[PDB]
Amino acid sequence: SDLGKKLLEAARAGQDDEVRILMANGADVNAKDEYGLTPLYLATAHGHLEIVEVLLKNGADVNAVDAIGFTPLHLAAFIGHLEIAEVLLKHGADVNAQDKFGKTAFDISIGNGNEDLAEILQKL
């Protein structure tokens, strides 16, 4: 909560080393900000691969959703971040998870012309 706020801030700002320190001190990996978002979502939104990997290793929730029902996998599909998608899948991101309008991460990747990301999703 105190450390959760600091963790949300470090994820937003791409502060890799601050994230590692906060993990080492037991910060809430799934802290939520006033927008209802978690460090994993925020780091994914920014393309911060190292921070994503660290959060996942410390138990970050892959099923956390935003206001439209986007999981971090949906967001990675939208932005086209191949490596972040791959690590989310390795940690159990649900390839069948549907947003508010019934779209899977695959659907999102195709809608946003991210062909390479669509391929890794189709494979699973």
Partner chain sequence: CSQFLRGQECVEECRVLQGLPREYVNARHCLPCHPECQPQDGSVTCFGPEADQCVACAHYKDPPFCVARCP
The other form holds:
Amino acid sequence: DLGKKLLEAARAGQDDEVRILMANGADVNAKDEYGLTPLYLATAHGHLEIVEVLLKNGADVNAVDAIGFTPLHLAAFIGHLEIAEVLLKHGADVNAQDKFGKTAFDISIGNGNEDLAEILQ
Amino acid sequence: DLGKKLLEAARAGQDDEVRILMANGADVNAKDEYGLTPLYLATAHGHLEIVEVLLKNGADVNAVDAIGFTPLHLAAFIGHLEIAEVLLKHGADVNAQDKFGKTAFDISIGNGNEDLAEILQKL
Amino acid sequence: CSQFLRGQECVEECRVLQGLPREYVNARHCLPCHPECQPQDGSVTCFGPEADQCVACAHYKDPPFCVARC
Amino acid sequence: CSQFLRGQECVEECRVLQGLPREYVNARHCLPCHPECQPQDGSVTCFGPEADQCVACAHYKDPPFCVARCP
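Since we've got the form deposited without its partner chain here, give me the form solved in complex with its partner chain too.
All chains and molecules follow, beginning with the one already shown.
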């Protein structure tokens, strides 16, 4: 029950909701309909403060999606500089590879995201 | 005379014609009707050997096109790694900016060439 | 615009994990995946605009391209 | 294909300084400029596929975009 609400809150940028669910013992690493976690979804949707909270409550910073994208991969794909930096400060595996051998850096260059690439060098 | 011939030769990818025209003293930095330069045309059309020859003969590596692209800029744009390397060995200003203030490295990131970007980044 | 561009429209996010057509992002632009890319549910759908850049194919494969008719 | 990809065709080179429609290159793929970019002669035409990535507008500029018409 609580896990579905957390996943949604992470998609929708509902930080007050994320906070109250964590406060009521919601699974910070709950997997959704497709095996994705709150942290990944918050990254996908650019919700910085939410990734901050999820991390402080022990979200798995290197959790992996269908093709082995970690949240850092996704941040690099999209162009989320700040979220990516937060991810780094909290133990994002800077060398992790997806099922194609691509690292976050690879992907930042693929998607023309210069500043991202620049903090992953 | 020899200028237009050298330009057409660089454009079309004719190594021998280029070496000859250089020998007969063609202007290595001749300009075409658009202000372009043999070195530039050679990089555009992906002619490594010709680029190398033009460079051995004192081609200006900092010739700029209509928006301030140097040959290195264009190499980054197209993603010609080997030509970019050859231009770096021969004095290419890596900090040079086009009219929008972009360097070859910026251009490389837009082209998405990881190896060229890498080479340029470490500068 | 300080968020993302979809054409000239300024948008909060691109369609990387949901929504149709699916999108890749390049220098803060939302751009479409090739129409032969199969929309993915546990990851992005593509890496660029072309048919050799899909994660999986909507129809027939023909390495390295996803195509409508083999 | 060791050359440049245009769709499926393996081509010797993309249309960066000549040919129509002009193209920018990404990951060895030839990709089209936005239709509102003015094709350039002494330069490339775009740096990406969108109307805010042209070098010069075919028609009107509505900063930062090239547009067929103003509103």
